[PDB]
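One chain follows as structure tokens, the form deposited in one PDB entry.
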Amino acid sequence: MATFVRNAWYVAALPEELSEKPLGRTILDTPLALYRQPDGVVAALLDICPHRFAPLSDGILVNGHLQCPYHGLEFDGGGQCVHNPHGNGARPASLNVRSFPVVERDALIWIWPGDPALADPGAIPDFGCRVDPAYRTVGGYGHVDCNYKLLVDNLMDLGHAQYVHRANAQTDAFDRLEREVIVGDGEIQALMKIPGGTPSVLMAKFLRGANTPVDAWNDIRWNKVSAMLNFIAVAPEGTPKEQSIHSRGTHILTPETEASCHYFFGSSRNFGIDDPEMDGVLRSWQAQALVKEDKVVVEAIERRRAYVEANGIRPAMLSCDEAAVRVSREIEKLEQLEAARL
């Protein structure tokens, strides 16, 4: 296949998307059949029947077993063929289908598409806020026609806020930014404190009313490959970013093909937990910003890749590209390390 970092955990779906009716979805050019078994456990099988290659995702569950819609072979969550209705009903090993390591955690469905012997659920990113009773989480799914790295670049960058999300987050006090970049093992963080300018649209609706040279906060954490969690906050007194009013944003990308990807987004609130109106506001921003703004930009950039590559054009970095560049380099190393292993 192309260049993907297969040895890592990726989100394949949101829990609400799975049920007894299989979901067919492609991850890193690998077609998967994702479904929840009767015992509530999620299973992930290669969406290719071992017999004649029909999509198992088009089948239904029979006694908790996924049945191939073509000739009826039945499989368990581990991919073992548990029933062959033909002939003497023999089930040779050649009839088992490939099963992928899968972990449901933090209201996310994680999958390991690479070497199964190398998985290890302990390396899965921490998105605990998504199931923390102290937070209220709302979110969704989006499909985007761009290489996932373009969206990683996007999420790791604050600059476009002023233009891409013009109508929304356009701080007239964005000329006085400050951004710290922390590098760790398979982890990078861009932290920013913002003490100035009475909001505009976004934070406004999140807020109520305040003013002082020290309030806002905008941060983002990146974990190995393409899983990010941001931190959007605002508060009164010289109180730490803690005790503040904030939303931790889930922004996770999973490559589908070399030129397309899956986008799992969400907002985990610390305020208005029982307020349905805020839920709307948040979902209204996600649909606007992430689906009606960032998508348009990255999809247009993807359409220009052929030209940039055909010619020897390289990007010209600005002062605000530090975080994105470092993440980009880490992802590159991971690709090389894996290619070397091969």
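Take the two forms, find the largest set of C-alpha atoms that superpose within 1.5 Å, and that set is the rigid core. Residue numbers count along the first chain shown, from 1. What changes on going to the form deposited in another entry:
- Note: rigid core superposed between these two forms; among 78, 89, 121, 238, the CA shift is 2 Å or more only at 238.
- Relative to the superposed rigid core, residue 210 undergoes a CA displacement of at least 2 Å between these two forms.
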Second form
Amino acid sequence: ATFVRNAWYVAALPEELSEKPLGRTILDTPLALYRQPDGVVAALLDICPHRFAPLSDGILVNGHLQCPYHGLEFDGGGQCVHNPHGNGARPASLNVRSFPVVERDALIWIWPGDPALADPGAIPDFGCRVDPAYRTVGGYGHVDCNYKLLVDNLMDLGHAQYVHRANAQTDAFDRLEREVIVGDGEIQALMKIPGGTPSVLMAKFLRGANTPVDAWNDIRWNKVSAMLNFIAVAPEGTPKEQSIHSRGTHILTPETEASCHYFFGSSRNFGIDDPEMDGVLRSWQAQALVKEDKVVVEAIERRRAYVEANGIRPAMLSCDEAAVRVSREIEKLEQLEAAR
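Moving from the form deposited in one PDB entry, what structure would you give for the form deposited in another entry?
Only one chain is given; partner chains and other molecules are left out.
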């Protein structure tokens, strides 16, 4: 299974973690994730160095994670800080691997690769998630597809015209303007849908207003698989900076080669103290991101065996440029790492 290990991935949302460890597998690597008594999150390889028991089934003793099996204790650095057996000696072999963790932007980032290379400067900017001018809601979902399929999905936001048609269909779709801007290690796909009546969901954003709007659906990608979109609507022929908008957290982390973690969110500048608009956004997230898109990408994954065995290649359309560029960047990184 080929992953890009030397990169930061979101392993969890902060709300997911506590002093009770969470066992989760990223890049085929099982982790025990917990918040220590002092509040700082730790991430240990979920395999006790003694007999390979899951430490994530342990409990904290003295703020140290204790193996459930024979009770070796570890700090957040993976250092064995107590051995209860015999003379109680703790040689270097008893230490477990620890992973660099940065909690930032209401995300838990982890470096699954060479820890000497982990550079917090390199973590993607998701500042809107902690910016008090934005209201942020979201969650986690597990999907039985290769993460790359969900990168494809998200880098062609036009799929929403069909996959999400009940919420997202617009009658101005055939007037789409699409631009792609390639950075170094960053790619923006911009869409302007001009002059239409708002979609069901943009209508909700606007509290019903039925009259013609402009809508923008931009998405930004940073390596390996972390995306931030810009979903905006505004009376036709108004500035884009002045629009009500959602900045959408859409971050994938591989679990196995054929399964992945999906961390999604909306950070919105409108209806900031409105629980019902919270519910609208979490509704959308539940139906669109976690069912509708799940159904499509999970079915594509099930067809991978046929595609491969019959040497089938995709046929590309005008909507594909951003997703293909991103795909070729991920491949390029994969291949760099594969030596060695």
